[PDB]
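What follows is one chain in structure tokens, specifically the form deposited in one PDB entry.
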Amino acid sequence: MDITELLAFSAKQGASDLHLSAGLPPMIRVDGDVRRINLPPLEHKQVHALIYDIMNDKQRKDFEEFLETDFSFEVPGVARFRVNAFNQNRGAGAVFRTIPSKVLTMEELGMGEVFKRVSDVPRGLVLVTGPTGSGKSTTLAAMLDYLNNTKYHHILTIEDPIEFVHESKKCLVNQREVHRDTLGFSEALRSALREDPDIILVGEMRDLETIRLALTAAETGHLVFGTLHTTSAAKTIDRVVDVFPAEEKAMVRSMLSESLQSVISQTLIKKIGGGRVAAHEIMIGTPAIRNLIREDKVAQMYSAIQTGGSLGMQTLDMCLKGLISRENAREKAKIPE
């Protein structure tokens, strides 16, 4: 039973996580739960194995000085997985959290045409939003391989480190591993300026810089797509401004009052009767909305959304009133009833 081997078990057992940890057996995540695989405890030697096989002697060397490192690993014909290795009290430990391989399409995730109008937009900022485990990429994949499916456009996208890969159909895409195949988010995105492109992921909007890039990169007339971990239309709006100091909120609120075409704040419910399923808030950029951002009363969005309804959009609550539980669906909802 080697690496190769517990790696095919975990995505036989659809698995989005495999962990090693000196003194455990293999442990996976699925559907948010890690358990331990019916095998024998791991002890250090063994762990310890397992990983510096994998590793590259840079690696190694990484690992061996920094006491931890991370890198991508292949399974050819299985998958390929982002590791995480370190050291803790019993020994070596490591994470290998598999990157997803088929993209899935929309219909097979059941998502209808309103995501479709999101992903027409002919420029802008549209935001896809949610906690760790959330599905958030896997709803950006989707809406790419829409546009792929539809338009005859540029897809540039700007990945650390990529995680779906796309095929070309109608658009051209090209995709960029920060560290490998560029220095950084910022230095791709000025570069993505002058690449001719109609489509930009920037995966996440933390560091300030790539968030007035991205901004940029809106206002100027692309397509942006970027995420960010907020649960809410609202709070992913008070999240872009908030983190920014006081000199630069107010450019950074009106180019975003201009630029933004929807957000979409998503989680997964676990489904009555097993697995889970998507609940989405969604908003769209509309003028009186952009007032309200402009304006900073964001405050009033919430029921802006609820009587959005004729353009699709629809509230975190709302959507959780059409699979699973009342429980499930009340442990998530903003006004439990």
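Numbering follows the first chain given and starts at 1. If you superpose the two forms and keep the largest set of C-alpha atoms that fall within 1.5 Å, you have the rigid core. First, how it differs from the form deposited in another entry.
Taking the rigid core as fixed, one finds a CA shift for residue 204 of 2 Å or more between these two forms.
With the core held fixed between these two forms, residue 56 has its Cα displaced by at least 2 Å.
Core-superposed comparison between these two forms: the C-alpha position of residue 164 differs by less than 2 Å.
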Contents of the next structure:
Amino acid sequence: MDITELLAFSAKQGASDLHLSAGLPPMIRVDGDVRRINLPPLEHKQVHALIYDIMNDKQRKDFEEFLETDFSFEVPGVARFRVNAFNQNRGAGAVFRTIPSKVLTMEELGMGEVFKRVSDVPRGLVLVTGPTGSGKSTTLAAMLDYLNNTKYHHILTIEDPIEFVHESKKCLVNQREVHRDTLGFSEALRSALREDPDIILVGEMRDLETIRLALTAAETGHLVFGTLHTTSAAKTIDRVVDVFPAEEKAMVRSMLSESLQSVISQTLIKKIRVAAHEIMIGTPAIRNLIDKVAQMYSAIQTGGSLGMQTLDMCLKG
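Having displayed the form deposited in one PDB entry, please output the structure of the form deposited in another entry.
Shown next is a single chain and nothing more.
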């Protein structure tokens, strides 16, 4: 009995995660809960076996050198998994996070015109944020899909790794997977500025160079999508400007305030699982606001007739 059977089983169960922990049977997180599969506990040896069985030298070298490591792993028919191996008090430990295979519709998600409208801006920056778990990628996928269905454009994405896979419809879609198709977000980004892209998607925004660059893309005339694990328009902004050395905030705050087209912060809630969105749209007033970002909320609250909304506001809905 090997890790594929297990992984396969996770998927068939709708599991978002598979957890291996020396000393316990495999468990899966489903609808947020983490629960044992009806199988015998896995002793250290076993889990460690299971793990090594799907790593290569490098990975095996790290894991042993640094006691923990990350890599992705694919189950051909089933799905791809993000995989983190680590050691704990009882022995080996690995968690598998299943990656959304299918890129779902906008209607399928019940998203409205507001989204299209945002997706339609000719250029500038759009940030779709949300606590790691709120399915950012999907909203994104859907918005991307929407353009791929309506514009004869060139969507260039940079993912670490690639999440959904899109089919080139009206758009040339080129997805580059960090570490396989490209050396990193910054390298890839630079190239992008000369790959004739219309729309650029940047998965993770780990280092400043990625931000820095991403901004120049928005500034030089493209439409760019990136994501932060901020949970609020206001926080999102702060987050972006605040990670820069004092001596450089101005230039960033300035840039952003000019290219920021909209910010969407998302989050999942248990359905009588449905997504709540805070929506903030670019607006001459808000532009300015971008050091008085404090007075952003009430701005969004009165932004209704453009389609904006407080998260709480959305909630009550």
